Amino acid sequence: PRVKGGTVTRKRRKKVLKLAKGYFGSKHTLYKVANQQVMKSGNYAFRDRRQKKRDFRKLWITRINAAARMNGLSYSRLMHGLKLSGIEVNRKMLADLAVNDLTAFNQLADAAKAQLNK
Amino acid sequence: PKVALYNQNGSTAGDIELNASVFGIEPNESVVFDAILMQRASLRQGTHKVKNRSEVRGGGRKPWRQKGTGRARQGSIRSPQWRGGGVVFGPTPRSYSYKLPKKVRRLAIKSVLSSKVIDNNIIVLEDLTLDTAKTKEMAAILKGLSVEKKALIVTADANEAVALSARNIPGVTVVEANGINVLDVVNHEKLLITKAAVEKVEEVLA
Amino acid sequence: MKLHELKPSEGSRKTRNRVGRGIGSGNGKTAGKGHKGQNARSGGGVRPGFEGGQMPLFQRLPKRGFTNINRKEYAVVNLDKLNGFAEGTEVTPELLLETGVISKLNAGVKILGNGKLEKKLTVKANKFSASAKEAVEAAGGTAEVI
Amino acid sequence: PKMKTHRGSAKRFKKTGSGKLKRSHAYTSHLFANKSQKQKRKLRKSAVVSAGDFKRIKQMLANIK
RNA sequence: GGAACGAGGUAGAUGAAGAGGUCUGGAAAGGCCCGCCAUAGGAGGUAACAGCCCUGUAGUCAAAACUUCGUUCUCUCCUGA
RNA sequence: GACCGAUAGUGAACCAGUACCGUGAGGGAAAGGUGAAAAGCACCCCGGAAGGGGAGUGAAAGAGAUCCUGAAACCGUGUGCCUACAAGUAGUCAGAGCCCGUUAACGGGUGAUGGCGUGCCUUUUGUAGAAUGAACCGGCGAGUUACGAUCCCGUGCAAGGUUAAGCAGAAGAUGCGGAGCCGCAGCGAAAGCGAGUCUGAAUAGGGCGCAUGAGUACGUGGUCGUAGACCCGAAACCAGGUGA
RNA sequence: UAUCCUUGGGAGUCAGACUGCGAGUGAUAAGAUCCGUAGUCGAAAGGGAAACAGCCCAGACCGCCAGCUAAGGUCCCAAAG
RNA sequence: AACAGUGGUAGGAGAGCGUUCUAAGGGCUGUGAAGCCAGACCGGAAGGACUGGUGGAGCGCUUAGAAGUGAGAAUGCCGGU
Ligand SMILES: [K+]
Ligand SMILES: [K+]
Ligand SMILES: [K+]
Ligand SMILES: [K+]
Ligand SMILES: [K+]
Ligand SMILES: [K+]
Ligand SMILES: [Mg+2]
Ligand SMILES: [Mg+2]
Ligand SMILES: [Mg+2]
Ligand SMILES: [Mg+2]
Ligand SMILES: [Mg+2]
Ligand SMILES: [Mg+2]
Ligand SMILES: [Mg+2]
Ligand SMILES: [Mg+2]
Ligand SMILES: [Mg+2]
Ligand SMILES: [Mg+2]
Ligand SMILES: [Mg+2]
Ligand SMILES: [Mg+2]
Ligand SMILES: [Mg+2]
Ligand SMILES: [Mg+2]
Ligand SMILES: [Mg+2]
Ligand SMILES: [Mg+2]
Ligand SMILES: [Mg+2]
Ligand SMILES: [Mg+2]
Ligand SMILES: [Mg+2]
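Residue numbers (the authors' numbering), protein chains in the order written: chain Q, 2 to 119; chain E, 2 to 207; chain L, 1 to 146; chain 3, 2 to 66.
The set of hints was computed from the structure by calculation and includes no laboratory data.
A hint or two may mislead.
What the hints assert, rightly or not - Distance condition first, Cα-Cα at most 20 Å in a straight line; then the derived DMTMM-like pairs of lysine to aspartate or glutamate:
1. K124 (chain L) - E90 (chain L)
2. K16 (chain 3) - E73 (chain L)
3. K2 (chain L) - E27 (chain E)
4. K2 (chain L) - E30 (chain E)
5. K110 (chain L) - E137 (chain L)
All chains, full assembly: derive it from the sequences and hints.
Written out as C-alpha cells, the structure reads:
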C-alpha cells in the first residue's frame with residue numbers, strides 16, 4: 002500500500018514554528034530558520050540554566066561585600082569570620098539579610114568580627 | 002473428551018466421546034499463530050506494480066547538456082526525483098504463500114479443535130438433514146442450538162440442502178469434513194459438526 | 001486463541017532495520033556504509049575473494065586430483081542400526097529402504113562395524129567391512145553378500 | 002538464481018569432516034634445486050585454510066558438500 | 001458434403017420481504033422500539049450508512065436470425081494371418 | 001486486489017499523443033469536484049461595464065460558475081507592549097514597567113536594561129568560515145524485491161527431517177504426491193578401505209576423523225551472491241533511422 | 001582490581017593534527033618532514049590562556065536563586081586582598 | 001533495596017513513536033467524521049489528548065499482520081510566491 006505524505010509533515014513543523022513565536026522576522030515564520038533558532042535556543046537554555054547558578058552567586062557575593070564594608074570588613078574576612086564561628090548561613094541568605102534586614106546582617110557580621118579579633 | 006450429542010431440535014441425546022488424540026491435546030499457541038499468518042498470507046492476491054524509470058513513458062534524451070547551463074545535471078526527465086518519473090523500488094507482483102511442515106499443519110488444526118472443546122463451543126449433532134433448501138429452516142435450527150454469533154457447520158459429505166439453506170445467513174459457514182481449516186475454525190465462535198463428520202475428521206487426523 | 005488477541009512466540013519475530021531514516025536511528029545519512037570509497041557506492045564492493053590485486057588464495061595454490069566417473073558410493077549401515085530389527089529377520093536393502101533406515105540406495109548397502117549388535121540377523125548387503133562381517137557372524141547371524 | 006560455485010576454488014580445496022578446508026602447498030611445481038629437502042618434505046603435505054582467508058572465501062564453496 | 005438432436009454465444013424475461021411506529025434532521029438508508037424475506041445479506045443508485053424504495057441479485061426460463069462446440073445418423077473409405 | 005486515488009495511477013480521469021517545440025525522424029505537457037435538486041440570484045441601488053450592496057432560492061451563497069475542503073510562503077488592515085545615543089548569527093538567562101486573564105498553572109503578551117553567545121549541512125587534521133549546498137513555502141524525492149548461501153532467534157519432529165512438479169479443491173487452507181534434497185561416517189587424487197583412513201617398508205610417527213555425537217523443514221532478523229541492487233550524474237561506444 | 005581467552009554474527013578505519021620528550025632529514029629553519037613515546041583534539045561540552053580544535057584545569061543523564069575546590073586570580077571593566 | 005555507572009563521530013546492539021493498508025474484536029459519527037485553525041494540557045523522546053472556531057461525511061481504539069512508512073539540504077523535480 003502507498004503511504005501518502007499526509008498531515009504528519011505539517012504537524013511536526015507547526016510545533017517548531019509555535020516554539021519560535023516572538024522571534025524576529027523570518028525566524029518566527031519560516032520553518033528552516035525557525036527550526037535552527039529553536040535548536041540553537043535549546044543549547045543556550047541548557048548553558049544558561051547552569052550559568053544562572055553562577056550569576057546569582059556572583060550577585061550575592063557583591064551584595065554581601067557592600068554590606069560587609071559598611072561594618073568595616075571586606076567580604077574575604079567576613080566569610081572567614083563566619084566559618085570560624087560555625088555559621089552555615091549561605092550567601093543567598095546573607096545577601097537577603099543585607100538587603101531586607103540589615104540589623105540582622107550586622108549581628109552576624111559582629112559575630113564574625115569577634116572571631117577575627119580572637 | 003465427552004460432549005453432549007444434540008439433535009436438530011436442540012434436545013440432548015446424551016453425550017459422545019471425542020478422540021483425545023484430536024480434541025484433547027494441549028493447544029500449541031505458537032503453531033496456531035503461524036498457521037493463521039500462513040493461511041491469511043496465502044489468500045493475498047499480490048497483484049500490485051509500479052513503473053520504474055525504465056518503464057515510464059519517454060525519458061530517453063538528456064534534458065540538457067551536462068555542463069554550462071547552471072542547472073543541476075540530469076540524465077532523464079523520468080528520473081525518480083522528477084515529477085512524473087519512475088518509482089524507486091515499490092510494489093512488484095509476488096506471491097506471499099509459504100508452507101508449514103505437515104506435522105505443524107496437523108498440530109495447528111488439532112490445537113484449534115481442542116480449544117473449541119475447552120470453551121464449550123463444540124456442538125455435535127446426531128445428524129443435520131434439511132428437508133428442502135430454506136434459509137428460514139436453518140435460522141430456526143441455529144436459534145434452537147443457541148447459536149448467536151458466527152458458527153461453522155461441518156458436514157461429513159457434500160450436503161447440498163444444508164449448503165443452500167445456510168449460504169445467505171451472515172457469519173454462518175458450511176464446510177465438508179475435508180474443508181475444515183484453521184482460519185475457519187478460529188474465526189467462527191461455534192463449531193456445529195455432525196457425528197458422521199466427527200469420525201471423518203478423526204479418521205484423517207487420528 | 002482469538003483473532004483479536006494474537007501473540008507470536010517471544011523472540012520469533014524481529015523488526016527490520018531501516019537505514020537512512022534520520023540521525024536518531026543510528027543508521028541515518030550514510031546508512032551504515034561509512035564515508036566514500038568503493039564499499040560505500042551503490043552496487044559497490046569488489047567481487048568475492050578479490051584481494052585488491054594481490055594474487056587470490058585459490059590462484060596461489062595448485063589444483064589437485066581428478067574425479068572418477070565410476071566412483072561408487074554405498075549407503076552405509078553400522079551394526080547399531082541393525083540392532084533395531086527383530087531376531088531372525090533377513091535385513092536386505094529392500095527392507096532397509098522401506099523402513100527408512102537408509103534414505104537412498106546409491107551403489108548398494110555396506111554394513112560397517114561401529115557399535116554393538118546383540119541380535120541374530122541374516123544381513124544381506126552389497127558389501128561388508130571385515131569387522132561388520134565378523135560381528136554379524138559372531139552373534140549367530142549370517143552375512144551374505146548379494 | 003542459485004549461487005554459483007567458484008570453480009577454480011572447487012579444484013583447489015576440499016572440505017574436512019568438521020568443515021575445514023584442505024589445501025595443497027604452494028612452491029610445489031618446479032625449481033626444486035633451490036629448496037632444501039626439508040622444505041620439500043613439508044610442502045608435500047596438505048594444509049588447512051587459515052581463519053582469515055576462510056571467512057573471505059567460505060561462501061565460494063558453499064555448494065560443495 | 002448433408003440432415004436430426006443437445007448444450008452454448010450474440011438482445012431479453014420473471015424474480016421474495018417494512019413509505020412499520022417513533023427521534024433528530026434540508027433530506028433517513030441513521031438512532032430507539034418492533035416485525036418480515038432469504039437457493040436472493042453481490043453491487044450500483046436513491047436528499048446522511050437500505051436484504052424488505054429503484055435497477056438489480058439467488059433461482060427458474062427465453063431466440064425470428066447468425067454463430068461455436070458436441071453426439072448420433074447419412075455420407076465416404078477400407079482385407080490381414 | 002492488505003493495487004493508485006488527481007505531483008499518485010497510463011504520457012493522457014478533462015476533446016491527449018492534443019497544445020506547444022522541431023525542416024524532419026522525433027519530443028511532449030498543463031488541466032477533476034456548485035448543489036440533493038438550477039431552485040443558476042426576479043426586483044431595487046452605485047457603475048459605461050466589470051464588480052459590488054440589499055432582496056430572494058437553498059440546509060448552507062463565508063456553496064454564485066478557476067463554484068467541496070482551503071494549509072505555508074507571500075500581501076494587507078486595526079492595535080496591546082516596545083522603538084529616533086544605538087555596534088545586533090537576533091537568541092538565551094536575569095529583569096522592572098505596562099497590558100491581559102488560561103487546558104488554573106510557583107499564568108499569558110510585550111521587553112527599558114544586564115550577562116552569555118560567530119547559522120544549518122556537507123567535507124575535513126582542522127570550517128563562524130572569505131571552502132560546498134540551500135531565495136522562500138508546499139508537495140514529490142534514495143538499502144527494495146526475486147531467487148540462492150550463511151549465521152542468530154522461534155517453532156515442529158528428531159537419528160532422522162522434508163517433499164518439488166503435479167492431481168483434487170474458494171486464484172485459498174488442506175489432502176495426495178517420497179522422485180529428489182540434507183543429516184546420521186570418515187579418510188584418500190584414485191582404486192579402495194571404513195571408526196578408522198591417507199602417508200609410509202612400519203603394530204612407528206604425523207594429517208584429517210571417531211570416541212568427546214544433532215540434524216532437518218518452515219518463519220523473523222543480520223550479512224553475502226546474482227540481478228540497475230541505496231538514489232542522482234558523465235564525456236563516450238554501438239544499432240536503426242531523419243536531415244543539403 | 002575485573003578483566004582476559006575461544007568461537008561465531010556485524011562493522012567502520014588505511015588523508016590524521018598539535019603539544020611535551022628521544023632521534024633522523026633541513027640550516028640543531030619552518031604551524032616543515034619522517035619515526036619512537038605520552039597526552040589532548042579527532043569523537044570532548046565546562047573553567048583559564050583577551051579572542052584562540054591540539055596548551056593549563058577538568059570529563060556535560062537531568063533540575064536547584066545551595067556548599068567546597070582545580071587551573072587561574074582578588075584596584076576598575078569583572079567574582080574575590 | 002544497596003552499590004556503581006550514564007560526553008561521543010564512523011560503527012555495533014536494544015527499546016520505542018508515528019504514517020498507509022488488511023484481519024479480528026469493540027466503538028465514535030448529521031445531537032456533526034476526517035481535514036484545517038487556535039490554546040496557557042499530557043508523556044523521558046519520537047509524540048498524544050481536551051476545548052473552542054471552520055468543515056460537511058466519514059474515522060478512531062485494542063491485538064496482530066503487510067509496507068510505495070517518516071526529508072532541510074542532492075547547483076534535487078514540479079507548483080506557488
Ligand atoms: K576518505
Ligand atoms: K486534491
Ligand atoms: K523545498
Ligand atoms: K535524405
Ligand atoms: K574524521
Ligand atoms: K462546530
Ligand atoms: Mg514528504
Ligand atoms: Mg528508455
Ligand atoms: Mg552513530
Ligand atoms: Mg558523502
Ligand atoms: Mg600485480
Ligand atoms: Mg422485476
Ligand atoms: Mg424487489
Ligand atoms: Mg450529506
Ligand atoms: Mg498524472
Ligand atoms: Mg458534499
Ligand atoms: Mg584542507
Ligand atoms: Mg565540493
Ligand atoms: Mg548559493
Ligand atoms: Mg606537520
Ligand atoms: Mg568543531
Ligand atoms: Mg559523565
Ligand atoms: Mg571557598
Ligand atoms: Mg569586584
Ligand atoms: Mg518515501
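| Where does the structure disagree with the numbered hints, that is, which hint numbers, in rising order? | The structure conflicts with no hint, since it agrees with every one listed earlier.
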